[PDB]
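Single-letter residue listing:
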Amino acid sequence: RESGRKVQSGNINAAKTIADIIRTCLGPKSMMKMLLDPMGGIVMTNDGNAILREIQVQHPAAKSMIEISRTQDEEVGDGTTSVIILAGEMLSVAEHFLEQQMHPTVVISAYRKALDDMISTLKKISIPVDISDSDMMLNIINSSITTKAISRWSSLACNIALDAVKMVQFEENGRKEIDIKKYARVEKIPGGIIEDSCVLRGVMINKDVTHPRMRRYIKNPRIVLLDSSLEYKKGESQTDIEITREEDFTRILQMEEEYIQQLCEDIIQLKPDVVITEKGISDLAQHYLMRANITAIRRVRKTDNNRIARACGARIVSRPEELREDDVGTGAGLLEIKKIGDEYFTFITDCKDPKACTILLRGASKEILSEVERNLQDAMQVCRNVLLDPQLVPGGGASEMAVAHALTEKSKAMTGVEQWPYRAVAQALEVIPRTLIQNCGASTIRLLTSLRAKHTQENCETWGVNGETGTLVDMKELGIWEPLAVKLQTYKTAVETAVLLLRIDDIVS
Amino acid sequence: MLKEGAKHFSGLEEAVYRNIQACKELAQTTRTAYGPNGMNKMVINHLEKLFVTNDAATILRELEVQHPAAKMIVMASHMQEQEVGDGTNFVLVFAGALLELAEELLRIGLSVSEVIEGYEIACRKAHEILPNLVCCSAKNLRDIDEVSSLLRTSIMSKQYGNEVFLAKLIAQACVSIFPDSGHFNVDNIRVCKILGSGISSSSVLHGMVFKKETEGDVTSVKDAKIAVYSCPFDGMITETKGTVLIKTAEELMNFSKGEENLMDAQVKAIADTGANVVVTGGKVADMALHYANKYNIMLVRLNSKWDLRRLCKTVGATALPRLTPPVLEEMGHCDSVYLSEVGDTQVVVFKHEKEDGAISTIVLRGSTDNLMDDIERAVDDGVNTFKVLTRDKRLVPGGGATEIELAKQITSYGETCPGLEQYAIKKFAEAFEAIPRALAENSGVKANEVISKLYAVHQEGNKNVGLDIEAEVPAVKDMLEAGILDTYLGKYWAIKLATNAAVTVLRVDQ
Amino acid sequence: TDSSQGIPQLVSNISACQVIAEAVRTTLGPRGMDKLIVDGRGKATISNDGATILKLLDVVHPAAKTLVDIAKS
Amino acid sequence: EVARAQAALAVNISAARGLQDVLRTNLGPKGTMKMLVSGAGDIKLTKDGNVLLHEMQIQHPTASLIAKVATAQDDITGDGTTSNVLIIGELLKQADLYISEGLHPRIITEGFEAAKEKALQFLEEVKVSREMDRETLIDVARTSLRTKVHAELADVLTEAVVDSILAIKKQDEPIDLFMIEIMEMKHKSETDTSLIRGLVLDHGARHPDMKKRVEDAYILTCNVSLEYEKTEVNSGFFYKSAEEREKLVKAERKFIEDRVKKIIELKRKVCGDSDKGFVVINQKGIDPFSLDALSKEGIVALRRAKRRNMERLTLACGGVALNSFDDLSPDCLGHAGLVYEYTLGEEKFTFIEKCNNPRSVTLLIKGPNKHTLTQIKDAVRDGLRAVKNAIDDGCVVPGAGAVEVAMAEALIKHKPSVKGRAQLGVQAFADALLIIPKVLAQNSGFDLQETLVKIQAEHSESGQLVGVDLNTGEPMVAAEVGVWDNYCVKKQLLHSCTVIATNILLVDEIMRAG
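Those sequence lines, one after another, are chains C, H, G and F. Under PDB author numbering, residues 16 to 524 are what the first sequence spells out, in order. Under PDB author numbering, residues 14 to 523 are what the second sequence spells out, in order. Under PDB author numbering, residues 13 to 85 are what the third sequence spells out, in order. Under PDB author numbering, residues 12 to 525 are what the fourth sequence spells out, in order.
Just so you know, the hints here were simulated from the structure itself, not pulled from any lab data. Every residue, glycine too, gets a C-beta built ideally from N, C-alpha and C. Incorrect hints may have been included.
[What the hints assert, rightly or not] In silico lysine to any residue, SDA-like type, Cα no more than 20 angstroms apart, as pairs:
#	chain 1	residue 1	chain 2	residue 2
1	H	138	F	55
2	H	225	H	359
3	C	78	F	525
4	H	62	G	31
5	H	62	G	13
6	F	55	H	91
7	C	196	C	214
8	H	16	F	18
9	F	381	H	91
10	F	104	F	434
11	F	55	H	359
[Claimed, not checked] If you only want the chain H side, here are some residues facing chain F, beta carbon under 7 angstroms, derived:
#	residue
12	16
13	17
14	18
15	22
16	25
17	81
18	84
19	120
20	172
21	175
22	177
23	520
24	523
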């Protein structure tokens, strides 16, 4: 039985002490968190998702901090370190001045109006980026690969990642909102080397098909996706027992191949040389196709065959008795199975429903593959937010101090009770401008002062704090940039958490 | 320690003090363990059995320590004992007081490496002047008196009271027969206690002495092939079974008839294969016995674990229990098989003589085994003292008279050099001094009365202490010119191995 | 492995050997103040001499065991 | 449990003090020996910067990370792991004072970086391209062994060290994966150590003098059973059916005489005479009545061979494993030029040298079979890993403090990054360099202040790389003493120190988790 301010302050003390070490983990210059296991194990990370899952939390508000980090992780995966930083000082600064005065609902609606004023200010500060220029996309990826500070061959993986996500931009909800990255697929290769690879059309497959079971190479013939009914007929048109007897062998087998050859004649109408079958696939059905001069494929998961259907832009047929070129294998299509290393890798290019290209990476080992991949994993996060919003916001304290001022004149204009949470959120925005001064090592009281002074003149349009040089730098000149969409949802999550724990005054069993 | 890490058992106090303090306490019982002794050490064991002894190698194996500095040095005392005989009493007591002097240099502020290299220069220079302190040699190892002259010091290092009769008797039991030109038995010298016929009636019996009573008649020939078996013969008794006390006694009679004809053929097949003596590590069967008398084959009623393994070594046999009719895979070696009554006990005597392949075994007769198993400890290092592997053993002054002969040289050598190694050479001459200081405190006088004289006599080689009045008041005892000798080699390793141990244990701080 | 040395070890052996000599001091005489000896046996045992009583003692001092073994000899 | 603002940094630096303090006297010939009985509860004699970390039951998380970090250094260098421990706590000492004055750790970490690459710039300046001649290889091998063991033991071992690495230059290999087999001889003195070009077989063929001198060795490294175990089964082990188990017995004795007759056809197949020898190395014991019959045919047949020897004899000499002795040509077998049965101890130790391919060189040490034999085992191991770096680089440098003050002169006096934020980290960086020459000489008796003022003047006077004599306490020139470090070694200790210093400096919470 828990109630009152003590739940509220316990919500404060838990959410604050989480964000303390993790804001030192912020910045490309950061401070690693140390985690001593009781077995003596050591964790030295900055990424809060590995942090929050490893640490032991006893307050369910601290468990809810993981849940809003699970919220940001499942939508993006990045900024999960940053969503918990902003949510601390929202409830740290405003609450105890006002919950000694005890108005929960007013601070909720103050948290409402802190959100939309930030939204318009995002459109004030963000100039649009080119979604038709690689170099406009390049420097923002270069801002992301230097976070882990890996540019061995991640720099050439910048162009591989942008030529995947910009290509796979196709996603509808009635107004074509595209925030997809699952339509892209990386190639996980132990052989070859990264640099003489490039993006290929369609959606490339590495997950199950690693063998030339399709053909060796295909120029003209189409791909066939089969979720249709390929279960053979045991009786005349009946489902009797299967072959387990010589008496069951002679009668039934004549009608077993009879169901299959009708399907095979329907498929040869579009002239393939490759047919993959997933649902209803039988052992006899995929080897009369061997007699029908088509090498047939099974044992593939469904998410492969969503990619393979997007590798050709065709609809997977549920009609068994008629197949067309306008049903499976849209257009001519291309299928290329070549040797990279020792294994023969299936590429499916020439995607009709065009603009579909995926990632081809190949390390000299799997470890050499995996290190470049994580940088390209962060890179495909960024371009997906570029597809989500084609405007770029300056990094550092340029975005934060600009919004931190606009709440103040909003607080002077509205000048109700909500004016006091605005200035509190205005200071809650500055903690990432605060923590970069420890992420560099400079005097924090002077740099926050001069960043206010640059808002007086320059309005902090592109002059924010750098935790790399400790000075208030042009984000145009230094190339520290990020999309508006990743900035908004990071702030949107921190608004959601601050409203959440403000409702929490009782924790009972 | 400031942190959760760093598990260690040594440090600033513990390495300086407690490592040396642990080596002090092990050397504390060895203050009177070499040379003349009034000191005795009762031990109850891990076997929890009452024994008194004066050999530290018996004591230190009963002793356990967690201090690795204290643990390491007793292995080096074994390394001298593996090489030469007695003097394993000396290795601990020399290095023990050596390290106590090293604390005093660490009291002053000397670096440990200055103390490390200081005794090393002193170890080399002493080993140079030490063969110049060779005063005699075993010119005739066939002589009984020249052999007994060496042995009186090592027996004194167990007990002063039995040094003279045993040193003759060991030479009477002939370690003299070895030319020592690569000839030394290590297990065909194995001392055989015969209970009864008290300790001055201890005797001589060359070749392998077996206390076990000779059963049956004597061998057909003394040139017999020796069959050494682990348990060929058995003896029957049983108790209640799974269903109690089995349903008949007919199969008990049926099993008893084949048992006699089994051991009838076992003595027969040994008689057929050429062996005319059987060695039974198990007990004797009655049905086996009365066919062995007609076959004229000598039998041993029982043997222990040590009896078979010496026979598998010396004769060259293989020990296995014969549940089959035995054949000869044992190749009898000894050409003379005797029965003797030693201590009025039927004693199996095997015998052969070769130039560098002879056998000559110590036998002891005493009315108490618990006395005689410590008397053999005076014999154990004394026989290995003959293993210098040379005829002329380069005999040095016995008793410890070489120590004051050395200590005059070393502190003179320590004065001439410069350095901070300079002091540890002078402390090294003090390490010779501590042993006769500890022995004279068992003699019955103070050390400063004694040690003043042995420095004041001169380079002499003769002047030392025993356990007499001449040891006490004048501190002059002819421990060179009265049948008291030591060899060069036992003195050479015991200084060497005590040095390398003490230098090793001084560097460690963990 | 335990050990005790020196004079405080040695005097401890002496007074241990005194107490068993305090017992038998006039047992060759017919007289004294009797001890019937009951052990985990649970049985009544008297004697007229000390040597039978010395066969009954499980000595706890090994130095005092030596004086037993000479006297038993 | 959590560790807050001051305490989380403080436990890390205070543990780095006493870790550096206990591991002080472990580098160079002033470096004293250490024992562990608290790592495994056994009498252990151990010396290395990495190996002492791995044995001690440490619970502080920093020393656990350094045991991981110095492992990457120990894979290349060996010694130098104890060099890395000394400079870390000294580097943490100066920067903590600035934090004790009140300063961000990150601005000092920012000053740790540009200070490092100037020293890395200085390493190309101070590297001395010497030849890889044997006497130049001796001076590296002298200071490597005298770090761990005595100098009298070192110089006997240094003779055996520098010749095997010249043999790996015949294979043109800069590194050492083979010729590193440490074989141990039963002795009582570890004063002796023999070098065999080929291999050392550790056994002696129960009926001796079969063929103890083989000038033409055709090697068969097999494991054929001649003492074959004979079992009667009906269940995979002993069963109750006495009727069934009897019929298998008649074929069990036919296997032993089968393998005896196969040896006779192989000797006439390979040799054809007794002038050319033939050697059988059996991993198992051989029948002595076979060892009598094989000895007359011109065959020596070694038995109970070690399974570790089984692969290495195939690599250098040759000879593959069978369970038969079928007719084989000398192409299927390997060759050795000379076979000699040597005896020391209770076992015969057959020397086998001048292989079909002298690819592996056996380092045979003698010793009293103690931890001293173990202590000379890893000492020559780190002796080989140090001169492994010598074949790697072209520049062998006078070390022992000669570079250390030479860096700190350029770092303090010349600001590389004259902006004051980074020069703060330079001051902690250059003062970190002083710890190796100053305290080992101070341990030798001439204290740290007399040593520093001498070597700073003399190197600024000469430019000749004056080091420090660790046996007097005063600086002497390491070019003539022969206390040298490689260009490969000195970079990594600069590399491994800095990266592990910055991350533990940049923590603020050490939380119990999992």
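Review point. Which of the listed hints are broken here?
Key: Hints 1, 4, 11, 16, 19, 20, 21 and 22 contradicted; others consistent.
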